[PDB]
Structures are given as structure tokens and as C-alpha cells.
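Undergrad: The chain contents come next:
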Amino acid sequence: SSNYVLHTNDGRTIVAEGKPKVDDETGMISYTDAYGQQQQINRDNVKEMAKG
Amino acid sequence: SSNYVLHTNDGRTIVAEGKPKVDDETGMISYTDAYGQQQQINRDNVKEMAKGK
Amino acid sequence: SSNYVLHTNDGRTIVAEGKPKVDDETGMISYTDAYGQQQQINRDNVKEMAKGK
Amino acid sequence: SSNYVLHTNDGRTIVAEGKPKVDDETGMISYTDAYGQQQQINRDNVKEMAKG
Amino acid sequence: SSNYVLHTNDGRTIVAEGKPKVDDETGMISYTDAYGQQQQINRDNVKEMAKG
Amino acid sequence: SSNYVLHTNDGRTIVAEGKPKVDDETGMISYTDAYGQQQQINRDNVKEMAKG
Amino acid sequence: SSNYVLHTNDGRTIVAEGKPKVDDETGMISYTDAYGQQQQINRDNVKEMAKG
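Chains as they are written, first to last, in the entry's author numbering: chain F, 2 to 53; chain E, 2 to 54; chain A, 2 to 54; chain C, 2 to 53; chain G, 2 to 53; chain B, 2 to 53; chain D, 2 to 53.
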């Protein structure tokens, strides 16, 4: 898939390898960063998301 | 479909191609912008929107 | 149709034609303004609502 | 009638004729004021409520 | 029965006759005070509760 | 019952006998302290909890 | 069998032995720390989480 770009509410821009989605087991937004590591972020700190 | 205009708490005015709707797998408001890029925005960052303008 | 007046948390009063209601597709309060335009407003920005003119 | 008084965030004391209740269509607390007009107030703006 | 004491976020303690419970019609915490009068308070204004 | 140690957001430590859990009737975290008193605390004021 | 790292609001970097998950009884994020102790932390207090 194409990369996705997340904009945090703390001024950061994060690249994800695929579409970030809520992990029903944690309630947080799960994604894979550019280094291929699985990450999760509090949804309250995610302002926007763009495909590409 | 008629475009919608969203106003964010950040002061931005954003144009969507169709009615923005919550995406069940993200919990955020999903839409496609005027440029055709698929975007999502936290509902807490949306102040209001209108159908057309 | 009965009109409503929405009072926002930012000092605005908006006239609605028909009772504003939560739109499950967006999670925001949906209504039609005095000009026939469909609008949506974040529930957190709605302080009170009065039925009438 | 059953008379209630709502105490709001901004310090107001509002008289309601009949028990105020959430309107599931709006998610807000619905009530009839001392003048017979139907009112609705955001739940987050209501601090306390009392019969009297 | 037994009394309960509620501690609000505004530095106040209210005595309740019986266990306060959410009134599903209002979404607030419902209880009967010492005066035997029906009272309701926004859950966001309740810090703690104790059974006396 | 096994003890649990709760830490509030305002920096206090509270010992519970038995696992604290949400009381569906109040929406708050319910527990019995080490001294046998039934208490409840607003979830928003609970930072963390540890078994032991 | 991979470990996880939780980043909290107060700048803590907590190692979890296993993927943290919400506990339906408390509504908080449940996990086991490096010392084998069962811990729980308010979702609102977790900024991010990383696998590795």
C-alpha cells in the first residue's frame, strides 16, 4: 500500500507504511513506521491523517 | 456528489468531495479532498461543516 | 416547521428550521439553517437550544 | 407539576416544569422552562439538579 | 440502609441517604440528601464517594 | 483478597483489598479499602494500579 | 513473546512483557512489567507504545 502521513496534536509528522487503524485491544491507533517497527499512538494526539 | 466544507479548530477551511463520515476502523472523520487525496481528521478538530457553499 | 435557535459556546446564535439532531454518520449535530443549507456543528460547541424564534 | 431547578456551569439557576431528561435525538438535556418554552442544554453545562 | 459521602471537585462533601446511582434518564448521579430531598449531580463533578 | 495499589492523578496512593473495577451503577471505579470501607473514585482521577 | 514500551504523559518509558490490552472490568490498559507484576494504567496517561 501507499504510505500514510499522520499529523500529531504536538506538532509532529509521522510516516506509516500502511493505513493506521484503531487496535480494538488497546483503543489506540496502530501503524508501522518507516523503519518497519509496530507503533501505537493515543488517538487524542492524532489530529489528521493523509494517504500518500 | 456535492462538495462539503469543513472548518477545523485550527482555523482551516477544507473542501471535501462528498459528505465526510466517521470511518469505523479509525474513529476519525474520513473524506477525500478537492485534490483527490484521501484524508481523515479527528472529530475533536472539526468545529462545523456545511453541505456545499 | 418549528424553528429552533442554537446557542454556541463561542457566542453565536443560529436559527435552525426543524429540530437539530445528532447525525450518527458524523457524530455531530446536524440541522438546516434559515437559508435551506444543511449544516453540522460539533456537539461540544452547542451550549443550549431553544424551540421557537 | 414536578418542579425542578438546574444549576449550570456559568452559575445560572434555571427553573424547569417537569423532570428534565436527555433527548436521545440530541444527546442534550431537554426541559420546559418557567414560561412554557421547550429548552435543551448540553449535559456538560449542567452541574447539579434538584427538585424544588 | 447506610449513608454515603460524596466529595465534589469544588471542595464540598454531601451526605447521601443510600447509594447514589446514575439516573439513566439524565445521565447524572442521583441521590437523596440528608434533608430527604432528591438531588442529582454531574458525574464529572464527583471526585470520590464513601460508604459510611 | 489480594491487595491492589491505586495511584491517583493528584498524587495519592490508595490500598485496595480485592481488584478495583467499574461499578455499572455509578460509572466510577469501585473498591473496598484495606480497612473494609466501600469506596468509589472517578476513573479520570485514577492514574495507575498495581497488584500486590 | 516480544516486549513493548509504553511512553506515558509524565515521560516514563515502561517495559511491558507482552502486548498491553484494555481490561474491560476497569477500562484501563493492562500489562505485566519486567518484574512480573500486573499493572494497569489509564488510557489517557499513555502517549505512545512501541513493539521491540
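Simulated from the structure, these hints should not be mistaken for laboratory data.
A virtual CB, placed ideally from N, CA and C, is assigned to each residue, including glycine.
It cannot be assumed that every hint is accurate.
What the hints assert, rightly or not - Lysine to any residue pairs mimicking SDA-like chemistry, simulated, CA-CA at most 25 Å apart:
no.	chain 1	residue 1	chain 2	residue 2
1	F	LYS52	F	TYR36
2	E	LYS22	F	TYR36
3	D	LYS48	D	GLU26
4	B	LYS20	G	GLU26
5	E	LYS48	C	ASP25
6	A	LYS22	A	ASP34
7	A	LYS54	C	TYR36
8	B	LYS52	D	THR9
9	E	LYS22	A	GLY53
10	F	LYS22	D	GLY19
11	E	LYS48	A	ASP25
12	E	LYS48	A	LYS52
13	D	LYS52	D	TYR5
14	A	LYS54	C	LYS52
15	F	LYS22	D	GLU26
16	C	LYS48	C	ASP25
17	F	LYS20	E	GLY53
18	B	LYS20	D	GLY53
19	G	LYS22	G	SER3
20	F	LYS20	D	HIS8
21	D	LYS52	B	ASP25
22	B	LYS52	D	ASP45
23	F	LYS52	F	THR27
24	C	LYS22	C	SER2
25	F	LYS22	E	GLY53
26	F	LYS20	E	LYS54
27	G	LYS52	G	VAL23
28	E	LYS52	C	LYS22
29	G	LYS22	D	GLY28
30	B	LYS22	D	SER3
31	G	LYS52	B	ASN10
32	A	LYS52	A	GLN38
33	C	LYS22	B	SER3
34	B	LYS20	B	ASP45
35	C	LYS52	C	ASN4
36	E	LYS20	A	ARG44
37	G	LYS22	B	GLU18
To be verified - Negatives, chain E to chain F, calculated, CB over 10 Å:
no.	residue
38	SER3
39	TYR5
40	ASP11
Undergrad: Okay, which hints does this one fail, numbers in order?
TA: As far as the earlier hints go, 2, 4, 9, 14, 17, 18, 21, 25, 26, 28, 30, 33 and 40 are violated by this structure, in ascending order.
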